[PDB]
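Missing here: one protein chain of the complex. Every other protein chain is in place.
Labels A, B, C and D are assigned to the chains in the order they are written; within every chain, residues are numbered from 1.
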Amino acid sequence: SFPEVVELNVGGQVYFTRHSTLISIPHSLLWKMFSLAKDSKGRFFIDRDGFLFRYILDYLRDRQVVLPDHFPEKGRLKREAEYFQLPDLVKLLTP
Amino acid sequence: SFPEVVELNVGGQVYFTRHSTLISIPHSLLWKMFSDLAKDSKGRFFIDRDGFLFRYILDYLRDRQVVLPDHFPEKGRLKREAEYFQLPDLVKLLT
Amino acid sequence: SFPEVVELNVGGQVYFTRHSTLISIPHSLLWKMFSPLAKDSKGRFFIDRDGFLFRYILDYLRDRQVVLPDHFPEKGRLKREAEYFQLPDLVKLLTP
Amino acid sequence: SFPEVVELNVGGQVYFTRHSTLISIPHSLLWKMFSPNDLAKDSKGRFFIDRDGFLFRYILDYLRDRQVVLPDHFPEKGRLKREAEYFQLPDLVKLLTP
Partner (left out) sequence: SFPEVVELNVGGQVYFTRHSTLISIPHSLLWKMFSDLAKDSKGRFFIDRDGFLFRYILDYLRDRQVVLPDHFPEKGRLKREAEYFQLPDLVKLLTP
């Protein structure tokens, strides 16, 4: 069984989230993953960009994502959204 | 009963605050929460939200006002956090 | 043997990746480095190259394509890094 | 003796490099500094270099490849030439003069 609070390591960046948040969107990558690669400290490892994952996590939490003003990695985040299989997030970052 | 000093884990970022600070604003989310709670591996109360932005949420709870750093790019993201924690006066302060 | 999750130090910048990602492209520098070694004070594997540009090298090793930030000024510097790590397909993507 | 991987602090900016990279160019300043007691160290034990930390990445890149590619519309070309002069890298000074 998975714990209520899941400790993650996304390409070096440590993130904490509820197990419910990870499996919130069915047929997505994280849902497939948590419905495993582990680091030296036992944290679940995701081989992706750690900085962009906070905007992925925010989308999983609210199903909408607010980005900082003058955000230069809109296209890079769209790629991350594609990887985690979040089509509604890809659709938000596309225009 | 809740201790005087409450140890928190907000999406990975550890925060320490007084119990009085959390229940300072009635009918807000944190007030409802601290007046059956998700806990991390180390027993810390877990809040599934952005850890960075929570310091500005805490600052507002301690002073009723919040001073932001120069050229702050996450004004809109903080307004979303204020909405979540149900702090209408903080949302209004972010016009 | 090499662990599943490899902790790296690229000229000061700490990166974490799967061992499979490093040896993903055969006859490349990282493949030569991690297939059968300099370590920092904390035991992390050391590569003496620019740490900032390595995130775009790592992204390419992950997806075989790399998306860059808007108005990216280090396209030429990244092409040099791609040459060093012996990633010809990445050089070909950056060069035109 | 110096370790294989050298931890540096250049005007508060931390850099990591091989010892071989520092002593790569003979009769240069870093070569004089790291060729075999008395070196300046920061509070965390890192070797301290009292120079601009931002420009040092382009100095380090030159020591690695003997060539340096700069970002597009780089405004500190003249300031980097000064840094190249300080570290006694004549071929780098020559590259930055036109």
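The rule is simple: a residue touches a chain if its C-beta (ideal position, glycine included) is under 8 Å from a C-beta of that chain, and two chains touch if they have at least 3 such contacts.
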Displayed chains contacting the withheld chain: D
Chain not shown: contacting residue from D:26, D:36 or D:78: D:78
Missing-chain contacts mapped onto chain D: 9, 11-12, 40-43, 48, 50-53, 75-79, 81-82, 86
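Note that in this section only the chains that are shown with their structure count from here on.
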Gap in Å, rounded to a whole number, between the CA centres of chain D and chain A: 38
Distance between chain centroids, defined by C-alpha means - chain A, chain B (Å): 22
